[PDB]
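There are 2 protein chains.
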Amino acid sequence: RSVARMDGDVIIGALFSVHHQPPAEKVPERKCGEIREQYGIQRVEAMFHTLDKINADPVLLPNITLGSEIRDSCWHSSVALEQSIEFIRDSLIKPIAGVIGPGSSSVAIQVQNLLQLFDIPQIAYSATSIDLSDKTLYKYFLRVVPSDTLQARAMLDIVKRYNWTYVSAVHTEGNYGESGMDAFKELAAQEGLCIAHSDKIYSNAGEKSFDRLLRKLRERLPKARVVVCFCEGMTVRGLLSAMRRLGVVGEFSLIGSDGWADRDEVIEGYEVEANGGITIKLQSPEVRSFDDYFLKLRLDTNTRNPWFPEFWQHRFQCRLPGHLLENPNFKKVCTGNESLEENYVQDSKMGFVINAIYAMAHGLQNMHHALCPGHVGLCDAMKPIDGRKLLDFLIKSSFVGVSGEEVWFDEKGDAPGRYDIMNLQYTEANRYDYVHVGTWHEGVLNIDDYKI
Amino acid sequence: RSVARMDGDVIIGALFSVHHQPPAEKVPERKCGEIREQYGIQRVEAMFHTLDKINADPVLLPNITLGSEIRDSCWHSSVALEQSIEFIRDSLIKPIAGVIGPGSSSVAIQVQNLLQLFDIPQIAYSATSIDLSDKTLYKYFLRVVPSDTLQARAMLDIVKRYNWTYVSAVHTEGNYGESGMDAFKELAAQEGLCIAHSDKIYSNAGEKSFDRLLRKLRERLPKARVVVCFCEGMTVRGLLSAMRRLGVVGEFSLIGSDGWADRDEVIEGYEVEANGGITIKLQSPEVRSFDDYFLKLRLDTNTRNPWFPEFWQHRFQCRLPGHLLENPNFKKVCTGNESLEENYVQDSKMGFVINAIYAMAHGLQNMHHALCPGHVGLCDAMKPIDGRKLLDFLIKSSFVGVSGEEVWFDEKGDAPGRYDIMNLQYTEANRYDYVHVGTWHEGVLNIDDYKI
Ligand SMILES: C[C@@](N)(C(=O)O)c1ccc(C(=O)O)cc1
Ligand SMILES: C[C@@](N)(C(=O)O)c1ccc(C(=O)O)cc1
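Line order of the protein sequences matches chains B and A.
Mapped onto the deposited numbering, the consecutive letters of the first sequence carry residue numbers 36 to 128, 154 to 512.
Mapped onto the deposited numbering, the consecutive letters of the second sequence carry residue numbers 36 to 128, 154 to 512.
Chain B on its own, in the form it takes in the complex:
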C-alpha cells in the first residue's frame, strides 16, 4: 500500500483518507475502495503545501526543515491501525515525532490507543466525539476542533434567545447522537427547560419506524413544536420523508446538530418540509493560499503524491497509455491538459487540517526554544525527540490560525468552540439554500434577526 513522504529533520506523520473504506467482505484482506479527492488527494496535497510554507518561513522553525510521512487511512480502523503500526515500529527502530489525523472519531480512538503505548502525540481535525476529552483514557490525543459538548451548549443557547420554554428531542443511535443529547438534556434541567417528547432511531431503520416516530412527535402539540435534533444527516432526511408520506408539512421548527449542517444531500427533494430549520455547522473559513496551489498542479510536476496519477484518471475519467497506474473503466485519453477547476470544490474542513499541522510545528518550535537555548538547529537534547515532553509543549502552545482564528488547547486537548448558525430558506432568487445568519464565539450567541 503506497505511501506519501517528504524528507526533513523532524518528520510529522499523517493519516488522511486517500481511498474509500473496504467493502463489507473485503475487510479481512484489507482492500480499500476507490480513491477520493475531497477527503483525500486534497488532504494529502495540503500537507505538502502547508509544509512548504512553514519550511520557507523565516520566523517559525528557522533552520529546522520539516518533513512528513502520509499514510492512507481508508477511513477504517483496521487499515488505520495497520499503518499506525509501521509508524511506531519504523520509529521504535528517521522516527515519527507526531501524527495528524485520522478523520473519523470512532477511528481516532482506535488509533490513540495504539499511539499512547509509544508516547506519540496525535492531533486531529474532525474527530469531535465527547470521549476524547477523557485524558485518563486518551492522554496523548488533542484536536483543533471543539468537542460536541459545545454543540449542545450552542443549540441550547439558541433555544434560549427565542424564549421557547418547551421543546422536543430526537437523537440518532451511536456514540454521537446519544452523547450529544444526554449532554443537552443535562443543560436542560440546570437551565430550566422541559422536554415534551423524546425518541431515538438508527439512520437505516425502516420507513415504518420513521412514520411511528413522526406520529409520537405530532401527538404532542401545540406545545412540543420545537424539535431539537442532535441527528445524523440521514436521520433528519428520513424525518422529512415521514412528513411527505403523511402529507403534512410545516408543523415543527427543526434545530439539528452538525450532522445536518448545510449538507445539500440531506434535503434534496424535501426542500419543503425542511425549510425553516436551523443547523449548527463547524465554522471553517475558506483558504485561498490552497487553491492557487492545488489547481495549478500538473501531472508531470507532482512527483511527491504517488496517488495523483490514479486520482487524475478517476477525476477526469480517462486513461494513460500503458502506465503502471492505468484504469480499466475508461476509454478516452487524458490530454494531460484538463483543468482541475471544473466542478471544483474545496474541502469543507481544510482550515482545520492546515491548522492541526501548524499546531504541530508550534509544538516543536516552542520545544526547541526551551530545550535548545542558543542552539541554531536541533540540539542533542532533541535527538531523539522525547514524546511525553513534546506533548506538554503542544498543549501549552498557542498561535494565530491560517485564516486568522485563535488557536489553543485546554487541559484535556480540546479546542475552543466556534460554529456557524445555518438557516435553510428560500433566497430572494429562486432556490432553497442554506443561508449563513448567525455565529457562536464561545458562549456569545449572535444572529441577524433580520435574516430569519
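These are calculated hints, taken from the structure and not from any lab test.
Check before you lean on any hint, since a few could be wrong.
Where chains are identical, the list cannot tell them apart; a pair therefore holds if satisfied intra-copy or between any two copies.
Below are the DSSO-like pairs computed for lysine-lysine, each with C-alpha atoms no more than 30 Å apart in a straight line [what the hints assert, rightly or not]:
1. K61 to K220
2. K449 to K66
3. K283 to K268
4. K245 to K195
5. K276 to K245
6. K154 to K66
7. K443 to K61
8. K472 to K245
9. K195 to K472
10. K443 to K199
11. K391 to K449
12. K66 to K341
13. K443 to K472
14. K449 to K61
15. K199 to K472
16. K456 to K356
17. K456 to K88
18. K283 to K220
19. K392 to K449
20. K472 to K409
21. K456 to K409
22. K443 to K66
23. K195 to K61
24. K220 to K472
25. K260 to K341
26. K220 to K391
27. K195 to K260
Given chain B's structure and the hints, the job is docking chain A with the ligands onto it.
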C-alpha cells in the same frame, strides 16, 4: 535482540524476562541488564520442554505439532511492547496464535492493550493485579492465577478465624497495594470490622517516613495491634527496621500479602521484630519432569536457546575462547563441564508457566474438535486461526494441571484461588523459619491450630 524460536503447525508466542530491565537512563535506547536464570533461561527452557512433551503426547493435539516464538521482555513495558509489535506485525503479514506472559502485571496490562487491537489472546501466570478482571477494558486477557481480590478475601478470612474485632491497615503505593487494600476495606464494613489506623508509603521512602509510620501505628494501642499489611516486600522489611531503630520489638502481629510471602530477603537480619507474622503465599508445587530436563542441558546440545551461551558464562563466571558471546568480566575458562546442579533452585512459579502453556494447547485442542470434526490435521476453517474464536474455546477450556491441580477460568478469565498460609516461627531446631501452617482452597480456610 535475539529470539528463541521452535517450529510447528501452530506457533505460540511468549514474553519471558530473559534479562533484567534497562537501567534508569538506558530506557531510551532500550538496552537491558544482565541475564537471569530464575525468571529467564528456566522460563524459556521450560517452554521447549513442555512443548516437547505435548508434541510427543498421543491424546492432546494428535497430528498438529506445536511451535513457538519466545521473545525477551526485560521485565519492562518498553521492550515488551517493542517485541509485542514484531508479534502482531509478523502476523498481520507463520503468525502467532497466542501469547504467554509477560511477568509483571504493570506490564501485562500494557501488552494487553497492544494485543487486543489485533484480537490476540494473552494468557498470564504471575500477573495478579485486580484491574485485569475488567473485560470491558482487558477483554483478551486471562491468567492461570487468582487475582489479588482473593488475597484480601483470604487474609480477612484469617482475621475472622481469630475473632479479632479491631485491626490496623498498611499498604504500599501502586496499582498493587492500593487496589488490594481497598478490596479488603470493602470486605471490612460488609463483614463487620473496624480499622483503627491506616497509612501508605512507597518502598523507597526515607527511613524517616518509616519511623513516622511506626509512630502513627504505635500510638494506637492496645487495640490497634493486628496490622493488616497488603505490602510490597521491601515495605515490610522497612517496617521491621523502623522497629529495630526504635528499639521496640513485638508490639504487633503482622499479616502480610504475598508481596512478603516467604521471601528470605525480606526478614534477613530482622528475624526478630518479624517473627510471629503470617503471610499468604501462592500455592505452586514443585515439578520434577523439568529438573531431569534442565540440569542435563549441555553447552553444545542446546541449539534452540540462542541465549544459553551468554547465560552459561554468567552462571559459572568463566568465558569462552573467542566466542561471539564472550564476557569481559571473567578470566578463567569454562570447562564446559560444570554441573548446573550447584546452588540450583527451581523457579518458584514454574508450575504456573507450564500450565499457562498447557491451557494454551487445550484451547486449541478444543477449537479443533469443534471446527474440524473428523479432520486429522488443521482443516481449512483454522487456516488461518481466528483469534476471537480461540478466545471462547480457551475460556471454556478445563483440564488437569501438570502437578494434578484443577484448572479452569470463570467468565472474566480469572483462575480459582489457592494459597498457602505461612507463619514465621522458631523451629524446634535452632532457627527462625517460615512454617507451612494452613491452606486456602477457594473460601475454605484450613489451619493446624496446633502448629501456631
Ligand atoms: C460523526 C462525526 N461528527 C465524527 O465521528 O466525529 C463526523 C461527521 C462527519 C465527518 C465527515 O464526513 O467529515 C466526519 C466525522
Ligand atoms: C507486582 C506483582 N505483585 C504483580 O504484578 O502481580 C508481582 C510481584 C513480583 C512478581 C515476581 O517477581 O514473581 C510477580 C508479580
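Hint check:
no.: 1; hint: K61 to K220; result: neither (48 Å within a copy, 59 Å between copies)
no.: 2; hint: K449 to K66; result: between (37 Å within a copy, 22 Å between copies)
no.: 3; hint: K283 to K268; result: within (25 Å within a copy, 70 Å between copies)
no.: 4; hint: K245 to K195; result: both (23 Å within a copy, 28 Å between copies)
no.: 5; hint: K276 to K245; result: within (19 Å within a copy, 49 Å between copies)
no.: 6; hint: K154 to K66; result: both (28 Å within a copy, 19 Å between copies)
no.: 7; hint: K443 to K61; result: between (41 Å within a copy, 15 Å between copies)
no.: 8; hint: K472 to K245; result: within (23 Å within a copy, 33 Å between copies)
no.: 9; hint: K195 to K472; result: both (6 Å within a copy, 26 Å between copies)
no.: 10; hint: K443 to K199; result: within (23 Å within a copy, 37 Å between copies)
no.: 11; hint: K391 to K449; result: neither (54 Å within a copy, 45 Å between copies)
no.: 12; hint: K66 to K341; result: neither (33 Å within a copy, 51 Å between copies)
no.: 13; hint: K443 to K472; result: within (27 Å within a copy, 44 Å between copies)
no.: 14; hint: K449 to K61; result: between (40 Å within a copy, 18 Å between copies)
no.: 15; hint: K199 to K472; result: both (8 Å within a copy, 27 Å between copies)
no.: 16; hint: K456 to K356; result: neither (37 Å within a copy, 61 Å between copies)
no.: 17; hint: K456 to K88; result: within (23 Å within a copy, 58 Å between copies)
no.: 18; hint: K283 to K220; result: within (16 Å within a copy, 62 Å between copies)
no.: 19; hint: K392 to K449; result: neither (54 Å within a copy, 47 Å between copies)
no.: 20; hint: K472 to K409; result: within (22 Å within a copy, 42 Å between copies)
no.: 21; hint: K456 to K409; result: within (24 Å within a copy, 47 Å between copies)
no.: 22; hint: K443 to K66; result: between (37 Å within a copy, 17 Å between copies)
no.: 23; hint: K195 to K61; result: between (34 Å within a copy, 28 Å between copies)
no.: 24; hint: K220 to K472; result: within (28 Å within a copy, 46 Å between copies)
no.: 25; hint: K260 to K341; result: within (22 Å within a copy, 51 Å between copies)
no.: 26; hint: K220 to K391; result: neither (58 Å within a copy, 85 Å between copies)
no.: 27; hint: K195 to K260; result: both (29 Å within a copy, 26 Å between copies)
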